[PDB]
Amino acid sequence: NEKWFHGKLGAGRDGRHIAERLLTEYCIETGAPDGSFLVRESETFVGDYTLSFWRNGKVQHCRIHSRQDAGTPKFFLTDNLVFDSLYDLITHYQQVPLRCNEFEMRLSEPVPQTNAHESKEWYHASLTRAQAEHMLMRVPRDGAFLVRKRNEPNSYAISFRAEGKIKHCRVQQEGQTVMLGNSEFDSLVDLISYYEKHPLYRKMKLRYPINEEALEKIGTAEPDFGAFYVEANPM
């Protein structure tokens, strides 16, 4: 995939340190190899990206240059070898060593993001159980859900409608992975992509992402019906 592509990381020029914290937290916890990497917007060279990678418990940074030849983006670590995209650039350097400083090294494991859920239509950062129930009540359908942040640290909640009743599943951010009960996923984004395909609680799958727009394009101006922490289906 493009797991490795992190784009603009955090507060403007705090991206070098964020790139290091992310690579450090990942490489130490998972036990990833030297060569583990990710790409992001440059914090010094406008429009250029930066290749941050792990090597000997340190995190080294490389500049990815971005130029236009015939109004066509071209990317490169060195002008003797230019690519039509960052995928090509990355995939090349995964196979043949890149030279940074005065050491030669190939790229290895793509380091993903833990927070790609923050840009999803079903994710609500500030949302009370009662607030999400009120929203979930407004929707008549089943398999219509929303994930929200809980007050207790490194925790989220899947609030959903199942068999005409509103139940709640707990998820925990265990460092670089998430844990719904004894089951494990890379992230929420991947967890919900699984529970979109497979049932999460009983016969119900995660089909309809509810936000403010979804209440307009579906929901009822009237909450009250019938409507504890529920246990999901294993694995």
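Between two forms, the rigid core is defined as the largest C-alpha subset superposing within 1.5 Å. Residue numbers count along the first chain shown, from 1. What changes on going to the form solved in complex with the partner chain:
- Compared between these two forms on the core, the listed residues 32, 204, 59, 62 keep their C-alpha shifts below 2 Å, save 204.
- A movement of the C-alpha atom of residue 132 falling short of 2 angstroms is seen between these two forms when the two forms are aligned on their rigid core.
- Here residue 86 does not count as shifted, since its C-alpha moves by less than 2 Å between these two forms after the core is aligned.
- Put the two forms on the same core and the Cα of residue 157 is off by less than 2 Å between these two forms.
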Contents of the next structure:
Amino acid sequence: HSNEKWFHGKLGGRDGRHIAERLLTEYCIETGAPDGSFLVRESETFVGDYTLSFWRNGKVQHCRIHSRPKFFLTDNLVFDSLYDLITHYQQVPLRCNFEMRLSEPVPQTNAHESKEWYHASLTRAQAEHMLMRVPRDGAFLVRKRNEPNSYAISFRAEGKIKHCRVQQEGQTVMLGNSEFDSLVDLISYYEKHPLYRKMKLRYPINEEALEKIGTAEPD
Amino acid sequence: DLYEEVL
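We have the form solved without the partner chain; now please give the form solved in complex with the partner chain.
Okay, now the whole complex, with that chain kicking things off.
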């Protein structure tokens, strides 16, 4: 279930219900998503269990998923995995004192946070310092900017460090006039196609990378 | 401009 579009894991500790409501509201109002659009997260009330959160005409509903490997919404219908429970309830509706068939998964917009090239706290000067110690064109990093939902790709090209602004615009990311589903998708595209002149993103830079392929002092 | 344009 870990790589599934709909599996968000632990959201935030006990603020996860409100985070899930926000994520579903954002996806659903933005894309014009149908009822039953959903995500699964770790329960913050029932530890070890999961919570299914879904869209219902502007209102978010939450249902407990018991995990004993036995997964279930009701003591009547038990599944071996979270994928099987979700797949079954996409074809057959779940009942409450309304009926709801699960429809489209709400994907995570933050999968970049675990990538080796991503830095949540890094200044423009800080990125230039790190990249001037990597004498390879195509060395790059992505850093969060001070504006919310704004990032920068810092890269080495023609012996100098250049920067590109990436904007998270609702459920997609924009780099100039090019649009991707997420920051991870944008970076994976620019590793196979040039971002600046003929330069592709080739060498992801972090602290571990600097001790291996980096110099002690900048140029 | 501090940031490069991409088209």
